[PDB]
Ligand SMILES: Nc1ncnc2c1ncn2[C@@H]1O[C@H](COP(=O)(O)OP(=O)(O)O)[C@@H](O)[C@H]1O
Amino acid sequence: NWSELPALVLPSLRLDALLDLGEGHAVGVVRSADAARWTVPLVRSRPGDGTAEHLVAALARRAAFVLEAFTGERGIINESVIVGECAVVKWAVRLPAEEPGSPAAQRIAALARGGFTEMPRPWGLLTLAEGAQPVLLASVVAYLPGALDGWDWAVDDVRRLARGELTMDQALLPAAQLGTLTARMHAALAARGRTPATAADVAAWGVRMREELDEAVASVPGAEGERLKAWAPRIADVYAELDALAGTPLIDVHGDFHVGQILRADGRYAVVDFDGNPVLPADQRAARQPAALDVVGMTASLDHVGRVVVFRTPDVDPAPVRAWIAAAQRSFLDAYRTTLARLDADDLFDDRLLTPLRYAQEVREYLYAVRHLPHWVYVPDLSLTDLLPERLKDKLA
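Supply, in the form deposited with the ligand bound, the structure of the chain whose sequence was given, as a single chain.
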């Protein structure tokens, strides 16, 4: 059977639930010794075995599981496995406790119900409705062929700008269209309601952002760490102003908004990856957050695109790239605010959170670097170099 039959839960133990897909394929919810639950495709199913294909077949042909549908495999990394070059099956590797799961089902459903179309077409949905909290197990959306994520087309656009193949207005147009897309996304997501942030909510932000700042200061080495340590008192002072921001509107957000989540194909843009920030606990990715968190996530990512272009491109002229960094963030912010005005949704964006959340986003770049990609410390170092002394001169005036 499947119950009796360690690293199985990790891509490349007791059983809680099993959805037999037939022919040896199954979607299992495995609990670890540390009370950690996992969604393990069983055949572990690798891209090509057919488990992702059997999931689409089981969803297209219809009590502990829920297989919803809406009307060969090649994987690429949660784990996203393309099926038939037409649908993307995304598994949920890590599962919460027996509590809230991935909010991607509620995010996509609210966007589709609000008229938001700048996203891949949803196909199916697999949900574990057995415990006290229904946990999302798999999502199936339409596969956009020949599509590239932001870390590919935005880098290519800025590289063409540095080579003179594009004008500044041509290079800034994607940043402006991303601003209008983000406003339509927030306007559709805010339809589910708004929640004023309590004094305990803004206090939890300060302690969390100060804790991460202390971790980065104590982990970033060499000259980059010395510059960050000198900046840390200034950053900590900005974190203290969060206590006076209680009552700011909290809505359903993307949670992990950056250019890599924006796919471009045939001149059209689509948003993906509504599973929440992976660095956040599983019981917080579905919580309502400020819309400015997505705004600072995208504007910081646009800044980082320019840093990457200068870093990786031989013989690059950094002058138009660095000018693009400032102009792309303005083009994004201007189009985002004006689109919220045309949608009568100006109330969900609180620009007082720009500087504190932007600083916290760059600190996470330090933490991501020391944990996954050590040389990446140059990106938040260059971003804060152009951002911190400018914002400090205004506070001292």
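Numbering follows the first chain given and starts at 1. Each form is matched to the other, and the largest set of C-alpha atoms that superpose within 1.5 Å is called the rigid core. Compared with the form solved without the ligand:
- Among the candidates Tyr239, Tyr143, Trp153, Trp91, the CA atom that moves 2 angstroms or more between these two forms after core superposition belongs to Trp91 alone.
- Superposed on the core, the two forms barely differ at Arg358: its CA moves less than 2 Å between these two forms.
- Core-aligned CA deviation for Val27 between these two forms: 2 Å or greater.
- Relative to the superposed core, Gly124 undergoes a C-alpha shift of no less than 2 Å between these two forms.
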Second form
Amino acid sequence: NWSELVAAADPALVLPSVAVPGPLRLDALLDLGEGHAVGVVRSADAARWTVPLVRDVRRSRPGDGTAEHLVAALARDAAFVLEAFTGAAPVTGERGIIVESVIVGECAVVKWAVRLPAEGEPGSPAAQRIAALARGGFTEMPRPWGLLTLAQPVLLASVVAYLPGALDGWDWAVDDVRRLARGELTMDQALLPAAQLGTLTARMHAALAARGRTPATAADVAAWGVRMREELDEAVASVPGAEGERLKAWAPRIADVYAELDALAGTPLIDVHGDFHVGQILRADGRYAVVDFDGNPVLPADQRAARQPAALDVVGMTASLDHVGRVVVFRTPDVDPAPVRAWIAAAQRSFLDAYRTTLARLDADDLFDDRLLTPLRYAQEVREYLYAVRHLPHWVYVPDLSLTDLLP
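Starting from the form deposited with the ligand bound above, please write out the structure of the form solved without the ligand.
The following holds one chain only.
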């Protein structure tokens, strides 16, 4: 019996590869056939997991056939919701990919949502983001094959198209600016991706806004300033060296900009990407595809599904375009910084010109409130300080050089 096997199983059954409080309890089970299933296992600490199960009971490994049986289920029960999309095929064969991700049929990617939110709490809105884009004709993304949710429905697994010959933005955008610096590309040729990124972002927001639109309240815009001023104080307190001395001096002028958010009540809030930057854009032979709709990892898990301004994605991409230029100057030996520095301003300009034009073409002008550009941009650069002191210490140069141009 499923519930009799999971309860008597080792509490580490919910783990792909340290300590899980036991015993376990099976809340929901989706039988996939031939001894395969998708389990919603509840540990002793009231934590919920998504566990692909296979009988002899052990956790499914890449090659057992559970991700394969899930894709076959999409190509054809009350607690679960299987929503398939045009293009799902019953391909076979499994292969692990440490992006848990499993390549099925060498053309689809099954991703298990290992850690689930608590019973009732919101989780990842990736199922609602991908479904809204699909229903809205948004094609600049990996072709969705299916979504497995638990009745907002809790996301359990997703199947999208696999693009083996595609690179993320931290590869092709860096390569573009490098070829521009050494004369292999013209300035207009280097600005072309940024313009197409703006068109992509507006098409994404127009498709995502088809669900709804929530006016921001006074408590909403007030909570933004509280969190942003709280992150600024954490950055000032933790960023060391000469970068920290400049950040401490720039902190008063930044907080003054943050206070301008109180007057921006009533600004539209829609479903957004959340963690939008160049690295979330895959290029495949002139075509661009956006991935990763789980939300901003720095936000709490129960807030990664909340609606945000459309300008939040705009400042996230424009800042990454700025960061791409800083990386090219920082890493490339003998690089000419003049074309790269000139590309930083023009790429952000090309992006905004195309993002604003496409919104007007799609009758979605009021989605973008450009009064949020300056405050959210500074908040993005402050996050770069926090990411550096936590994961990559030398990365502090990126926001330091970016804020040097933003604060003349």
